[PDB]
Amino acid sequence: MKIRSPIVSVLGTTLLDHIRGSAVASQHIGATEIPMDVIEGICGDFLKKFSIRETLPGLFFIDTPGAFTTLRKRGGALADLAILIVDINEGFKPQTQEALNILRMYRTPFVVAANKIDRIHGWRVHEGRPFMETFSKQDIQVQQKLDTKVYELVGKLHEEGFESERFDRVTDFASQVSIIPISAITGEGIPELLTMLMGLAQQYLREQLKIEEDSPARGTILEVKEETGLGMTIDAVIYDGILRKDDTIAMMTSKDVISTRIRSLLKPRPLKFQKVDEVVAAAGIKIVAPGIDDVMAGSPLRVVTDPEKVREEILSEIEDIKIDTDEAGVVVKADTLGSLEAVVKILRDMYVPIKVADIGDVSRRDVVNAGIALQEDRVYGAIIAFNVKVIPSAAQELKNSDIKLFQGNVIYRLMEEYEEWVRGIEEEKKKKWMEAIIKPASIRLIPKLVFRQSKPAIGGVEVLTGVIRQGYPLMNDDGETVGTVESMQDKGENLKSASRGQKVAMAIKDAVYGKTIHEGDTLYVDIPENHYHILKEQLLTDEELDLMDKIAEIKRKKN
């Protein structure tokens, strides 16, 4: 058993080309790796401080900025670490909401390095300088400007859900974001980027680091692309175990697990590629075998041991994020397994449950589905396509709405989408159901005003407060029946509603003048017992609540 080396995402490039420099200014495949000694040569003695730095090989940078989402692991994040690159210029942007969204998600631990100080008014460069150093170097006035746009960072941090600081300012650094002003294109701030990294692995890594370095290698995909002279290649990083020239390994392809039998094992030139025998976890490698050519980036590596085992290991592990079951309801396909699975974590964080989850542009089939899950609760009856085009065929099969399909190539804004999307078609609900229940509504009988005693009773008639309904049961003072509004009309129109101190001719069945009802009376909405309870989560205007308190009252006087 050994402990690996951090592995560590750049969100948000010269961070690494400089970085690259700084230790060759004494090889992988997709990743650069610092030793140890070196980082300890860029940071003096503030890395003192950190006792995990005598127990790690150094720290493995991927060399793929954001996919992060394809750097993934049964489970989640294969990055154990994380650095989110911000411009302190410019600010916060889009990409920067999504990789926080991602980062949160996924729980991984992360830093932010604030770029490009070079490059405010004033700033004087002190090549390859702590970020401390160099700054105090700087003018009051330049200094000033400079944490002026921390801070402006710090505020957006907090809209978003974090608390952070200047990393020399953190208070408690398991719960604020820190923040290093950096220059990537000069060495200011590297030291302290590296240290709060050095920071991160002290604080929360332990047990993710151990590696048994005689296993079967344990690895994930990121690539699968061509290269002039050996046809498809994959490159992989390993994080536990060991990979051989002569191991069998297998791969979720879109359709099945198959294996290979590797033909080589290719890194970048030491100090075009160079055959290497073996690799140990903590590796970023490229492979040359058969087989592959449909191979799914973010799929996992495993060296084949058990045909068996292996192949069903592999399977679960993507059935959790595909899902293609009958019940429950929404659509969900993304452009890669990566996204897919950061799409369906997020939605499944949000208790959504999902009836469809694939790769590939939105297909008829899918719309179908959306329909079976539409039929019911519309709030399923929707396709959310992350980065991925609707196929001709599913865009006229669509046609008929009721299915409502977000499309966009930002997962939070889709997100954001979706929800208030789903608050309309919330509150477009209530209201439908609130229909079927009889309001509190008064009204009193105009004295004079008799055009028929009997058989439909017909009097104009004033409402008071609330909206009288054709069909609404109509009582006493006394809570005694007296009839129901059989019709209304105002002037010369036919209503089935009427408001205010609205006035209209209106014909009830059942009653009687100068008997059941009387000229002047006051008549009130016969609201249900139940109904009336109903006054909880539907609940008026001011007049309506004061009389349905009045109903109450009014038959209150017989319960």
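Residue numbers count along the first chain shown, from 1. Compared with the form deposited in another entry:
Regarding the hinge between rigid parts between the two forms, the matching entry from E426, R107, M232, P447 is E426.
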The other form holds:
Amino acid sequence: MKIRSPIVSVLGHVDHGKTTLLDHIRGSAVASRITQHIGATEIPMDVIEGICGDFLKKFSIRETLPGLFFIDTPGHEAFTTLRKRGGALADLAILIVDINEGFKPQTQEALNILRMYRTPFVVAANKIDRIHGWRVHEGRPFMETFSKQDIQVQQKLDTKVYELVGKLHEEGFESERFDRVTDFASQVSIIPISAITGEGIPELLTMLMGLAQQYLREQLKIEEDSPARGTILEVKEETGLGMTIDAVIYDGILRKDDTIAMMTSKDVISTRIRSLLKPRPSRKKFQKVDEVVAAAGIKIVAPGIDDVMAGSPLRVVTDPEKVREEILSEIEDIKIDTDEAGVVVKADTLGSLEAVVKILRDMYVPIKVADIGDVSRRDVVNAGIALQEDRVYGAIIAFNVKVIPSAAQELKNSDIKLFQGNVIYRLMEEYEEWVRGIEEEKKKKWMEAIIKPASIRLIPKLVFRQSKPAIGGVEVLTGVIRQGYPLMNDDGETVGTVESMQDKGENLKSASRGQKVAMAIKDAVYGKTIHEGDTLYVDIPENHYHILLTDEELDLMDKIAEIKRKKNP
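Could you output the structure for the form deposited in another entry, given that the previous block was the form deposited in one PDB entry?
Lone chain follows.
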């Protein structure tokens, strides 16, 4: 066994500097001493100790680590691909943000993923070299270059930093510029840097070493001789070679003659490796190696790929049915396929699928279907089944996936809501803003079937018909009397029901306050059951009442209570 280098991912919005940061870090190592990796950068502990002064001596872990292994976000902002069985592929993360631009959509996406997988991270506030008036001092520690800036320039920098603190606070994260931090364990450290210059990179590495000191122990243990375990980051064509696999190995050893298993869009497969390629420091872009040991980024050339899925687990095979079962189990634990509750989810990768499923669970939103691939006719059908019993579940959440024609058409039918997008948190805000509305609409239709409070007075001298339909001039004292509303006496005695109302020449379904109309009252009779001048009240049902307006309606609301309480509780 051995202790490997922590894996640090670099996340952030398009062009805030993810790649440039790693390229600079690689440059520092090269021009100071380095093994090259595909899509990653390995910086040795002596190089780190060289860049970070004695600021590292307070971290005993420094003595036991081979160094740090950085991995760039693969593809276009594909943060969710950086995963592995037990959680995130990275042990630590750097959330980079243009100090000048601040948080952008992908910054929020990265933050939510980091929060969700509980991965410790620091925030690198990049591009400080572009703050108006900044004077560059090449590769110097942030404290050193900052102290040489004009006071107002320093002030402008701290202002941008406090806007980051404000945003992070709104996100549930307390934070401060790394040197002002109080409890390293609970506050995010923000390190101002310049990926182009090397400014602040010294403190950046020091803080990452701090996080290793604080959180990493058992997770760094690997068995250098075990069959390699890794994750596929990209599957893509390379001139002269065919389809190729870019992968990170986090445990074990991968050899040139190994057989490896992975998932395809259809099933689990295995292939025999032709070669392992790493970037070359003969005008050949790659250099062949015989093997690489855990803590490596490698490009693999093998024949059975083309349909291999980004995000797929990668495993060297020593026992084929034992490995196929392991990979299948890994898939199943994320897939979800019951009948209970509702909500249909589709994503492009196992990692993006896992992320959405995780976020939805934290939102307490039940899921009936969670699977990979374009929205199918089958998906719509299951959503339909869910549509029943809470139209709330009658939805399909599709992350970075397309909709199969047969599905779109068969979907044209309303009642099934579809959310599509390549930004997870945007999909969730959209689903929730949808649920709010649906709920209001249901609650609205909830009132339409409930009798409200209302009061009316029988204008004396305006009796058009005594018996059978009683008809007389009425003035709505308070509330909104309606056609069909029950009416009772000052003693809770039922007098009759409002049969019809007429405002001058217009027939009304409802009458407001001081309206005054000719009203027909079924089952009532003047000079017996009802009397000229009398005030009548609406006889609201017991329960319909429990579901409790203006000051007038409130008073009456209690006025009705008294009346009913007379011959009751």
